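Asker: Chain by chain, the residues run as shown.
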Amino acid sequence: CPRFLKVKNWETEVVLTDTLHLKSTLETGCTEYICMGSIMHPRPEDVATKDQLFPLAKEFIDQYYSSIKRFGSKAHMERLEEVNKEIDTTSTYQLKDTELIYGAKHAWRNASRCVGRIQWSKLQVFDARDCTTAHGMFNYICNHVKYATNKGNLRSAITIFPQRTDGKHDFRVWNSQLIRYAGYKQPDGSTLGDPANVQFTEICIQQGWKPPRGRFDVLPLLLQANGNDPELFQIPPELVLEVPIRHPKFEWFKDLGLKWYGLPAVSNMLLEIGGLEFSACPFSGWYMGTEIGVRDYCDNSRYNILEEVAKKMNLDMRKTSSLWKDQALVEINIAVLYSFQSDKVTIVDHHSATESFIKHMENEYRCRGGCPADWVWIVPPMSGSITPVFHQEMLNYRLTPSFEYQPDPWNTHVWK
Amino acid sequence: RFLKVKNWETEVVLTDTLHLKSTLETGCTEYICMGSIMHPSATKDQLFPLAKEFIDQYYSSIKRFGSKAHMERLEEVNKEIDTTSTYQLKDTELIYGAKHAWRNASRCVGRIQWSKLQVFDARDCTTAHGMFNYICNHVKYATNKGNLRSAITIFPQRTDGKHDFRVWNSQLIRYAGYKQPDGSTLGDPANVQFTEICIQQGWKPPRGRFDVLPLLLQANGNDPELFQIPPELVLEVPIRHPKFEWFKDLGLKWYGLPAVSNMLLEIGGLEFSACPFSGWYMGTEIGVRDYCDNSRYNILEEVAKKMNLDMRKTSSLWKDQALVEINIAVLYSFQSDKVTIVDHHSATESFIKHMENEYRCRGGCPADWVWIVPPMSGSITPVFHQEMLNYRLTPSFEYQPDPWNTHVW
Ligand code: HEM
Ligand code: HEM
Ligand SMILES: Cc1cc(N)nc(CCc2cc(CCCN(C)C)c(F)c(F)c2F)c1
Ligand SMILES: Cc1cc(N)nc(CCc2cc(CCCN(C)C)c(F)c(F)c2F)c1
Ligand SMILES: C[C@H](O)[C@H](O)[C@H]1CNc2nc(N)[nH]c(=O)c2N1
Ligand SMILES: C[C@H](O)[C@H](O)[C@H]1CNc2nc(N)[nH]c(=O)c2N1
Ligand SMILES: [Zn+2]
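As given, the protein sequences belong to chains A and B, one line each in that order.
Its first residue numbered 1, the first sequence is counted upward by one per residue in this note's numbering.
Its first residue numbered 1, the second sequence is counted upward by one per residue in this note's numbering.
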C-alpha cells in the first residue's frame, strides 16, 4: 500500500490527501478483484486469548498516550506494564475512566457510516461497569434517556455496561434501539404498527408483555445482565418525548395521525476498545429528518404512507413518470422537520448535516490525516446529488476503537 | 467462494459465481474500499493471453468451445500476433465484444437492453472526414425521429499509440459554455474548456445558452478537425411543465441523444480509443444533474423563485421541492414530443429484473451501487435496497486521458 491516497470533490475540485488509512486494523470485505461496498454486513466462548490481547491493548494504550502528548513518558510505560501484568494474571484488564472516555469518543469518530461525526468530541460517557442486574441496567438506561432527551434539547450520550469476560456472562440490550414502536402481524397478513419489529414484539409478548396493539406502542426494554435470562421493563412514558407530525400548509396532514419519538438510540452494537468487548453500550444522538421522513415512513416494509399521502395531495398515481411518489416524499419530510422544530426538539435536515460533514471531513484530513467514510451510508436517501457529500470521493477503512455489529441475542442465548 | 447478495426490501438472496472470472482490479484492498472513487488507479507477450481468453469465451458463448473453428481461430490469432504485433477481430467477434462491454458495464442502469445494440464497424476509416460521415450516420440511425435505438460506432484500434483515433468531444452532442467578462458563465459550465479549444481552432460561436458544439475529430494521430453536425440530425426537446404555465418561459431545452464519445473499448487486448455509443436518457440525468448541479446549469434558485417558495432556510426543502417539479417537466416534455425517455422508477425496476436474469443465466451481474442508485429519491427506488457486487469483466469500457493532454500538434 502507498503512503498517500488522494480523494477529489468533483463539484468544488478540492483534493484531499489521506495518510490515516495506514492505521486501518482489519477487513472491509473488499479485495483486489471484488468490491463489497454496498453489502450491509460483510461462538460465544471464543473470547480473546492472552496472546491476542497484549498487542491490541498496547496499540490502544499507545494511541491514548499519543493523544494526551505523553507518548514515551513514565506514566505511559507504567500503564503499559500494569496492563501487561493484568492480562498475564487475569487474562483481561480494566480500562481507566480516562481511557474509557477516550475510546468511546474515538469509536464514534471512527464510525465510517455516521454523518453526524462533527460532534464526536462532545459525547457524555456514562460508566456503568459497576452494574450487576437487569434492574440496574434499567436504572442506568432511564438516566441516559432522561439526560440525552433534556426536554427536547438533545445531548449525545453513551452508557457502557461491563465488558465481556468468558462470553457466557454478557450484558445485552435485546432491543435493537432503546425506543422503537411495536409491530403486530394480523391473521389476515396485514401488519399493525412498525412491521420491522414484528419478531422482537413477539419475543416481548412471549416474555410477558401485555401489548396495547396500537399503531405507535413504545416497546418495553428487554435487558440481559451477566448472561442471565433477559427481563422486561416498561420505560416510564414521561421519559419518551414524541412529536406529532403536522404540515405547515396541508391542514389535513395532522389527520394522518402520525407521530415519532425524539431520541434515536442504538442499543445492539458492540464497542471494541483496546481488544476489550463492550457488548452493551447504548448510544444516542439526534435525528436527521430523512431517517424518519424517508425511511421510517416511506420504506415499503415500514409505515409505507406514500400512497395515502399522495391520495390526499390529489396526485395522479396511474403512471410512475408523474413522479407522484417523489412529490409526496418531499412533503412528508417537510412535515417532519416542521413538526420537530415547532416543538423545539433537536433535528437536522439533510442539507445542513451533509454540509457539516464535509467541513468535518476536511478538518480531519487536515488535522488527523484522513476520515473514513462510507459513501453508501453518508449520502441521504433522497435528493442525493443536491447535497455536497454526493460529489465527495470517500475512502472507507476500519480504525479501532470501533462500534461493530454482533449477533442477535435471541439466536445465541442459552436459556436458564 | 460463492457470494450472496441480499435485497433488504424483498428479502431476495442471489448467489454470485461470476466474480470468480474477473482479473482486472477494482482499486479496493482488504483494508481500504475505494467504491466511491470515480477514476481509481501492449506487446505480443501480453497480447496473446488476453486474445486467447476472449476467443475462448466467444466460442464458449456460441456452444463451440474447443471446436475445430475455435482451435484454428486461436492458431490464426497467434500467427497474426507475432508477425504484426497485433491481430484483427472477425465481424462476429467485434459485435459480441461490443455487446458484452455494455453487458459488463457496472455503472450502467440500462443494461437490460444490452443485447439490442446496433454495431457499426468503422475500422476501415482513415481520415477525420470519414469519422464525421460515420458519426452522422450513427446519429441519424440512433435518433430515428425520436424512437431512439441503441448504437455504437467503432473506429480503428490503437496500433503504436501515435496514430490514435479520438473523438475529442466527451459526448457527440453537448452545449457550449462561455466564460463571461463579469465572471459568470453562459451555457454549460462543464464545457468551457472544450469550447475554448473549438473557438481557438476556428469555430464561430453563436454565444448562446444552448449552442450545439461542433465535432472535433482526430484520425490516425493527426491534428483534430472541426465539423458541424447538420442541424436536422440534432433532435432537441423544449422543456415545459404540465401544470406550471410559466415553466416554458425559462427557455430550457435539451437534446434527445446521449452519446458517450470519450471512452475506450477493450476487446481481447485490443484498444478502440474512438467508439461513440448512444442510448436514451433517464430523466434524472437531465433534470437532476445537468440542470441542478451547482457546477452545471444550476437552475434550482430560479425555479423555486417562480414557485414562490420560501428560500431563507434549508429545512423548508425548497431545493427538493423545485427539484421534483423540474424532473416532472423533463419527463412530460420528452413524452409529449415522443422522444424516448425512461423515468428513474421504471429504469431501476428494469435493472432489478435484469439482475435477476443475469444471476440466473450467467451467475452474476457486476454493479456499482454508487452509480446505479439515482441522484434523487434514492430509497424509494428498489436498487437502493439491493446489495451489489462490483468487479471488472472484460470486454469492457474504460476511461482514457483527455486528448488535449497528450496530443503533439
Ligand atoms: C449527534 C447526532 C448524530 C447524528 C445527526 C447522526 C446521524 C447518523 C445517521 C443519519 C446515521 C444513519 C442511520 C441509519 O441509516 O440507520 C448514523 C449512523 C451511525 N451513527 Fe451517527 N448520528 C449521531 C450521533 C451518533 C453517536 C453519538 C454515535 C456513537 C457514539 C453514533 C454512531 C453511529 C453509528 C455507529 C452509525 C452506524 C449504525 C449502523 O451501522 O446501523 N452516531 N448516524
Ligand atoms: C439504452 C438505454 C440506456 C440507458 C437508459 C442508460 C443509462 C445510463 C445511465 C443513467 C448512466 C449513468 C450516466 C452518468 O451518470 O453520467 C449510464 C452509464 C453508462 N452506460 Fe448506460 N444507458 C443506456 C445505454 C448504454 C449503451 C448503449 C452503452 C454502451 C454500448 C452504455 C454504457 C454505459 C457506460 C460504460 C456507462 C458508464 C459511463 C461512465 O463510467 O461515465 N449504456 N447509463
Ligand atoms: C445515534 C444515532 C443517531 C441518528 N441520527 N440515527 C441513528 C440510527 C437510529 C435508528 C436506526 C434504525 C435503522 C435500523 C437498521 N437499518 C439498517 C435497517 C432504526 F430503524 C431506528 F428506529 C433508529 F432509531 C443513531
Ligand atoms: C449511453 C448513455 C446513455 C445514457 N442514458 N446516459 C449516458 C451518459 C451520457 C452523458 C454523461 C455525462 C456525464 C459527464 C461525466 N460526468 C462524470 C460528469 C454528460 F455530461 C452528458 F452530457 C452525457 F450525455 C450514456
Ligand atoms: C443495499 C444497501 O447497502 C442498503 O440498502 C443501504 C444503502 N445505504 C444506507 N444508508 C443508510 N444511512 N442506512 C441504510 O440503512 C442504508 N441501507
Ligand atoms: C464521488 C462520487 O463517486 C461521484 O460524485 C459519483 C457518485 N455517483 C454517480 N452516479 C452516477 N450515475 N453518475 C455520476 O456522475 C456519479 N458521481
Ligand atoms: Zn470496495
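Hints are supplied without guarantee of correctness; some may be wrong.
What the hints assert, rightly or not - Taking beta-carbon pairs under 10 Å as the criterion, some of the chain B residues facing chain A (in silico):
id : residue
1  : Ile32
2  : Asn222
3  : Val234
4  : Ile341
Claimed, not checked - Calculated from the model, a selection of chain A residues having no Cβ within reach of chain B, i.e. all distances over 12 Å:
id : residue
5  : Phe138
6  : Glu231
7  : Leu323
8  : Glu404
As the list claims (entries may be wrong) - Have a look at the derived ranges for each label pair, beta carbon to beta carbon:
id : chain 1 : residue 1 : chain 2 : residue 2 : range
9  : A       : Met77     : B       : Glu25     : 56 to 62 Å
10 : A       : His169    : B       : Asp56     : 21 to 27 Å
11 : B       : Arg362    : A       : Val414    : 55 to 61 Å
12 : B       : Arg1      : A       : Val14     : 38 to 44 Å
13 : A       : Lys312    : B       : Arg107    : 51 to 57 Å
14 : A       : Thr165    : B       : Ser61     : 54 to 60 Å
15 : B       : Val12     : A       : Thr12     : 37 to 43 Å
16 : B       : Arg362    : A       : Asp51     : 42 to 48 Å
17 : A       : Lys312    : B       : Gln228    : 48 to 54 Å
For the record, the hints were derived by calculation from the structure and aren't laboratory data.
We treat Cβ as the ideally placed atom computed from N, Cα and C, and that holds for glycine.
Asker: It remains to establish, for every hint, whether it holds in the given structure.
Answerer: Going down the list of hints, with the structure as the test:
no.	hint	verdict
1	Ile32	holds (5 Å)
2	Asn222	violated (32 Å)
3	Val234	violated (24 Å)
4	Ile341	holds (8 Å)
5	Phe138	holds (32 Å)
6	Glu231	holds (31 Å)
7	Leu323	violated (5 Å)
8	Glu404	holds (16 Å)
9	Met77(A) with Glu25(B): 56 to 62 Å	violated (43 Å)
10	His169(A) with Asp56(B): 21 to 27 Å	violated (58 Å)
11	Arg362(B) with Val414(A): 55 to 61 Å	violated (44 Å)
12	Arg1(B) with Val14(A): 38 to 44 Å	holds (39 Å)
13	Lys312(A) with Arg107(B): 51 to 57 Å	violated (38 Å)
14	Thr165(A) with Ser61(B): 54 to 60 Å	holds (58 Å)
15	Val12(B) with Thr12(A): 37 to 43 Å	holds (39 Å)
16	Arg362(B) with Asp51(A): 42 to 48 Å	holds (46 Å)
17	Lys312(A) with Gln228(B): 48 to 54 Å	holds (53 Å)
Figure legend: structure checked against the earlier numbered hints; hints not met, in rising order: 2, 3, 7, 9, 10, 11, 13.
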